[PDB]
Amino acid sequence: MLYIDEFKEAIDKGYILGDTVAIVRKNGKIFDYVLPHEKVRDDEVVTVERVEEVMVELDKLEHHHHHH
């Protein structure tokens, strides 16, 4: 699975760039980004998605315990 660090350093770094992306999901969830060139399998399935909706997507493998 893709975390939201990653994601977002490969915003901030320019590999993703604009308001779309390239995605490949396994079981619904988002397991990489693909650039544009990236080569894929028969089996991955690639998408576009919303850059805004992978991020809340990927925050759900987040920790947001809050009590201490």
Given for the second form:
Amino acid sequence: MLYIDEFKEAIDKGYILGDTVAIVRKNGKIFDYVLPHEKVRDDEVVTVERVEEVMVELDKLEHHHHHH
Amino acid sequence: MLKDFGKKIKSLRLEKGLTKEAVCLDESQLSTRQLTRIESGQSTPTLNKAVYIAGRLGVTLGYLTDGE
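Could you present the same protein in the form solved in complex with its partner chain, rather than the form solved without its partner chain shown above?
Below: every chain and molecule of the assembly, starting with the one above.
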């Protein structure tokens, strides 16, 4: 589970530098990021994604979704 | 959550002889990577992750926030 504020904090504090970052998706959705020397498990799906596109996808969770 | 939270939960976990894996279990709320980042202060815990950790460590939330 990963939300925008946690991801932005990692960027702002300098833990995530540059334009890409390793992302774990679970059930298709952004679950965590992975930094160098952090461990990934064999059944985790890892992809190198563009930081700015991760930001946009995570910001979708911040918008109000009305339902009846 | 304030920055002393990570210090409290790391020391409490070690005192209890618990692993990070034992705190995070299936990791749907918190990955072991994420817990490691919280314990060092690298990442600020969300409220929902903080209350999850408190339950796993066997203490109330108020205990780890010192009644604030």
